[PDB]
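S.K.: The primary structure of each chain is shown beneath.
There are 6 protein chains.
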Amino acid sequence: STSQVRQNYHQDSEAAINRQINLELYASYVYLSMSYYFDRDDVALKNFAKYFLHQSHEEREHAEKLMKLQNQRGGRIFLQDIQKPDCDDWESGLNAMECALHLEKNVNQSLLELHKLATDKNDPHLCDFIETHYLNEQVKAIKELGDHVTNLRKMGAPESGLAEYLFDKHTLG
Amino acid sequence: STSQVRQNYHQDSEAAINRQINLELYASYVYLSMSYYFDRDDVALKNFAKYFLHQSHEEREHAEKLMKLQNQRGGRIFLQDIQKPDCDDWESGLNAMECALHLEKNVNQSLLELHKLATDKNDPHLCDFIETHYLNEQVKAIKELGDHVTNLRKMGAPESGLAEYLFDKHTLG
Amino acid sequence: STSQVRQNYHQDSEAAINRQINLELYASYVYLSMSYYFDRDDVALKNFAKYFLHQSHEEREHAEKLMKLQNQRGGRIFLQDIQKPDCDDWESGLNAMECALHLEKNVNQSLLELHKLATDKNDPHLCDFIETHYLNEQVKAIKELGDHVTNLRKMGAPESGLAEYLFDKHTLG
Amino acid sequence: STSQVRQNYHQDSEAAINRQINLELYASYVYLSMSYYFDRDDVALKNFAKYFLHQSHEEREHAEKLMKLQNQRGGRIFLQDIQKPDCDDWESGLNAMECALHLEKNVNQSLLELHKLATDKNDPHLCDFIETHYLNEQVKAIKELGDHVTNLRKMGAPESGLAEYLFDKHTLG
Amino acid sequence: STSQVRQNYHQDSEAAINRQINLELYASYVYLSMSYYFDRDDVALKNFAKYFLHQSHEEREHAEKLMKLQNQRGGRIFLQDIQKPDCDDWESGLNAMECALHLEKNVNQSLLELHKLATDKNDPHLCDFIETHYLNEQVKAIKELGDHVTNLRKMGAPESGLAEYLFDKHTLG
Amino acid sequence: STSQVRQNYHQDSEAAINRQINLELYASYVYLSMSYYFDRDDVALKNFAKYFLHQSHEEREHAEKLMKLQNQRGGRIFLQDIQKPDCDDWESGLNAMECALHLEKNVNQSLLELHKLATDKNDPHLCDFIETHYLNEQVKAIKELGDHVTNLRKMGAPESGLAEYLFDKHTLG
Ligand code: NA
Ligand code: NA
Ligand code: NA
Ligand code: NA
Ligand code: NA
Ligand code: NA
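Residue numbers (this note's numbering), protein chains in the order written: chain A, 20 to 192; chain B, 20 to 192; chain C, 20 to 192; chain D, 20 to 192; chain E, 20 to 192; chain F, 20 to 192.
Since the hints were made in silico from the structure, they are not lab data. Incorrect hints may appear among the rest.
No copy labels: a pair is met if it fits in one copy or bridges any two.
As the list claims (entries may be wrong) - DSBU-like cross-link-like pairs, simulated, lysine-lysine; straight-line CA separation at most 30 Å:
1. 140 to 188
2. 173 to 140
3. 140 to 69
4. 65 to 162
5. 135 to 69
6. 173 to 188
7. 69 to 84
8. 135 to 188
9. 135 to 65
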């Protein structure tokens, strides 16, 4: 019943990897919802739409890399429903960037809890996998979203529709 | 409240497009689950894994094209949870191909019901969108999966593990 | 007497690196013996021979990288005899792949014990050297050998000589 | 007052990163002083001058990478005076290489103390940043300077001015 | 004790060159502090950060050219501590440009005092070195910073965060 | 039990080929030990290290060519332990070259005894294999090592560390 490849891979780590797969698929779905909000004819910011669609595809790659890790270590993937995002209408480019920053901090907190579990189960391959492929990516994503929120607030968003239009052209274009 | 672009787009068509978006995202998730089943070390058929991962990414493109249509016609996308697939373990390459054929026939039946609704609401742009981008794609997908099931059964799958290995190398490779 | 470069490098870590050098040279020698078994005229599977000769040369590179680490940290290499492999005749391609999987799991267990010693002696350079250059290589090697054993058993090896011939041509060729 | 990006970044780690920035800027300044000592007309070893000027520019890049890390994690850089180096006249190429080895061991000891603090504050992103970008660089720098000191002493430096001239041409040229 | 190359190089000129080396290293350090202020997530003007980091590296080249001059004329470099800059937080892009203009005028006044000393000691090689490599560079730097301050004030900085964002994109980008 | 390919291949020749395989693997291991001695920070002669590592890899190719010969003639390879080299510390570049000359003369004496056995068992294919692939290689290796020992002794090694440094740069570089 145990996989012939499994070695030093605790059942609690296997279950935490399955929960992280679901959270990465959920973040992919939130960014897909934000992307198509900015494609609506009454919002119409195409480079915001492009930026969040690229983030949706990168979160799906993060989930597929954890599914490959679960099979490489001999664990078994167990998928759950992907809940729908908490908003349908994201209000403004600034509000969506602030929601993305909040989501990325939540994903980063889950990865730090997974690292702590891997360290407590003395699984250095899993600790290094999370440090190499996920933790610096999340620090860079959080710093980029914080810079975007700071620039939109300083330019006068959300009240200034000129600010979001020019940020869409000069920063996200 | 009505979109400034909306013309000849009935609320029942808008709701049926939202249900089809969810079904395409669900099919993407079923094929992602099949792909990583064939990547397990106790199944180990890499070209089956590749074939179903490519199908998962194509179903996500089908869902994003319907989200773009909903915004082009001035409807509003409403997302729902993506339910987890009906199986975790798909048994054999033949059983997964038969499950994919069943899923693609279900998706095709939903598209034929959407076409019938668009014809009854006299929406020729939506009828042509479904004929141009979805109905022939589904007939081709169903005929390719039927050919794969026929070849695997004739070669002696699922009992012959030699049959699935050589089908993985010569048809899916 | 202490090297002028030595810093934060405990004598127990130096001795464990010398034991790991010997185990990597021993694994190189086991794979060289398997390679030339499959080159015999009464076994004659050339791509099995090639696959194990490539593994023998990669294990010698693993040993030379640990010898370079021992000199970079100011430890002193102490070599021991390389024992001959436990078998002369490896029986079949499936039996040799299962023996290789067993050997790679043993090498991985020794590397996990070396990581635990480096963590207990607070030597983060040595922990990171082992995570960066050895632990993911071993997880990938073990998953590839597990996939090869699974495919050979499903195709009907070792009893089916047709199975090993076609695996040699289509997977290892 | 807390940065919007800050997560899992303890104030003691932030202060230790500010001290390491100052030590890397101080090492850049020591190597700049050594470089221009070997450019004097009464010392005149141009490849020693080039080697230490390249080391000065690499230590400034090490300091700027830690300043970028401090902003990526939401800490605040606080700069201090850069003290002048302990020598004006470095005596001979061998004495300067021995002083560089001593300086690089001091920088490495400070990085090992920073790693230990990051491990005690459970900050795996900072532990991995220090292992990935600093600890192996320092082990390589210390082993290269130890090899240079060994070769200059064996060739008869500092008493043999022929030894330093030929080392400048054949090893540093 | 006198260098074999020294000719027509007065001890007061040698000491003034050592003070100018320290001032160029201090200006390099002020611009490095400004650069990383604009890289903070709550300021986030990347092209201001790039512009001041380039100025920091050019001031270090100005210091190294004066160290090369001191050795070419047979004087002896004597380094002093590099004091930390007068600010940690530079407030806004306009305030940092005004501080840079003030710093460059101070550096230019020191170079004009060095030229006057070289003229009073009848050292035409040193007068021409300062005119050729430093005085026109400083007039160009001061005119460029004055143009930047004028444009930022006319666009409405520092109160208009839109002004600094668009200046960062169109003038410094 | 006799191989279907075996013809004119006496059991005493088969056993002598197995002993020569072990001696070539032992010489590979002695040269690997010499290579990493010259990589130590207190010896630090990189081109001596490179020269002996290349010799280690060439002796492993000599052993693998005799394993291929044993299978081509239908004999059975029987491997034995590879004993560790007689020294851990090789003293100086001259002493290691003299030890290599002694080792290569021993390998050549074993090959001349194998040729004499093949001639006494009237096995001209094996005599020609040894003349074509091994005897002139050994005469060239012994003459090159004798030239290296002569040059190092004439330059004043081992007492002159300048001699070994310049031989490492001009002859082995
Ligand atoms: Na992610
Ligand atoms: Na579809
Ligand atoms: Na290995
Ligand atoms: Na450094
Ligand atoms: Na300057
Ligand atoms: Na040989």
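S.K.: Which hint numbers doesn't this structure obey?
M.R.: 1, 2, 3, 5, 8 and 9
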